[PDB]
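Using the hints, position chains E, D, B and C against chain A.
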Amino acid sequence: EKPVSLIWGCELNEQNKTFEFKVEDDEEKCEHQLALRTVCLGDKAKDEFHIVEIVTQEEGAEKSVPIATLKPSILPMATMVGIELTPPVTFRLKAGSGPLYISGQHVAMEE
Amino acid sequence: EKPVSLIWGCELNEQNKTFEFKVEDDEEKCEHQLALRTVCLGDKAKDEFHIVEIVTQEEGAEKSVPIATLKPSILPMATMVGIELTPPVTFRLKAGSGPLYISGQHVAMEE
Amino acid sequence: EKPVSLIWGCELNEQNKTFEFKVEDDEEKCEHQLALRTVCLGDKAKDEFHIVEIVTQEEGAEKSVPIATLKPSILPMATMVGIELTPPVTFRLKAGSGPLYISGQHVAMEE
Amino acid sequence: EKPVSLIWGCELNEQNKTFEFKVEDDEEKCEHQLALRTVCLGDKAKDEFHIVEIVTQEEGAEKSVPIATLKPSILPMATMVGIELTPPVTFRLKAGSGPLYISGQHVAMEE
Amino acid sequence: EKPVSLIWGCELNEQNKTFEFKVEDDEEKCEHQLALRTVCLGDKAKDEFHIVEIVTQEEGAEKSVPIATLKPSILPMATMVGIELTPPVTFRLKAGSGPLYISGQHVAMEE
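Chains as they are written, first to last, in the entry's author numbering: chain A, 12 to 122; chain E, 12 to 122; chain D, 12 to 122; chain B, 12 to 122; chain C, 12 to 122.
Next up, chain A with everything else stripped away, as it sits in the complex:
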């Protein structure tokens, strides 16, 4: 169980409104985290309040976990600090259409 700070980036767009921060099955048993850093914008981003949420469970119920909200007219960027995500965790777009570049650091363990 040795550390690697493998940086990570993903895209939430119209045809990728839902995405998964995922670790392979043989590696899920180890301590894996995601230090979330920053979100940028693409060309097709709608000029409205794009909202990025975390999707996990609620004791058997569906849940959206608010993470970020932006709009290129006044807020092209948002600063979220202090979130460590343990895979698997779903990214979802509550509002807007994307694309949004979500960048963080996959802290992974490898044998």
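It is worth saying that the hints were derived from the structure and are not from the lab.
It does not matter which identical chain is meant; a pair holds if it fits inside one copy or across any two.
As a list, the in silico BS3-like pairs of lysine-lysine whose alpha-carbon atoms are at most 27 Å apart: (1) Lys-105 with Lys-55; (2) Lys-13 with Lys-74; (3) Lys-55 with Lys-33; (4) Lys-28 with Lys-74; (5) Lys-55 with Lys-28; (6) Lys-13 with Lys-40; (7) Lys-33 with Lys-74; (8) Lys-105 with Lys-57; (9) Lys-33 with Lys-105.
Structure of chains E, D, B and C alone, referenced to chain A:
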């Protein structure tokens, strides 16, 4: 007394200007916190300085505890960092009408 | 000497350009602090760079201690982090006219 | 192996879209870091979302590591906090044309 | 060698483009620091990207050490965190004309 980091979100709008971050009575005896993260906006938000306050007591007097202030024209979002709220705690809107999406992390203990 | 985290708010306006964060004389002997959090705006705030300063002494000389600066046209809010004020400490408005809502946390000791 | 906090600055422009934060070969064996601080803009900066990325490897694949994004119309500056870069590391401009002044602190060891 | 947290402020303007954070000769032998906090603006500030740099030496060469950059049109204020300056250290204005109010905390030792 085991930890759960149950994420949480609430809505402060015209008919919900006052809301309560509350833990059930059988669970109040344990160490419960609320890591406050972020606030977003809804459709009916008035374009003025919405102000979100904490309501607790003042040695027998009513109190508003300033937490956030925003306005979608120039400040659609506000970044509040370092606030842990122990339930029960009231959310109140000092100015504006809402809606405002208040998101944080209910750190709860369960037996 | 037991702690209380008594939250606090004050108003710096035209007729209250100078204000005092003060602890009663029987309680000055204890460790008292002020975790400064946030500043909001009132109705009569002039649309120019309001500046909030701390007033203490300079080995026998008067001093203004820069703390915050804002203007509702582009900066309705300012984020000051890391300031603990030991009472008595004066709030002064170097520029502008107010009103400004200064909110923080009086960490007080009581017997 | 003694520390020096040698401050550092570089320019990413049209003819310098790729740059290298590099330490000399005789000094690579020591613990070298780069506390990244701030990015400013030049005269020829295009008024669009300039994006600065880190270039390293992906287990044999090319990678861009999102670091900053700005645009002088609304975001002339970006605040990136918490990044320590161990040389050699490539700076690349994913979008835009520059120039961009990237400033940080080369924490270097010398014999 | 006893501590004093003597707060400090200085002005970088057209006729004061260069300034010195200095400690008296009889006191230079002690551990002296400057926790840099904040920069505000004056009346004669040009509406362009004012840049504040630190001036020290480069193994016999002149150096400018980027610290802050602002412009009252979109960035009337800049938030620089984590800089402790040991006197003597020169403040210089790389771009712009000032005035700029630089405020921090001279952590000084006195016998």
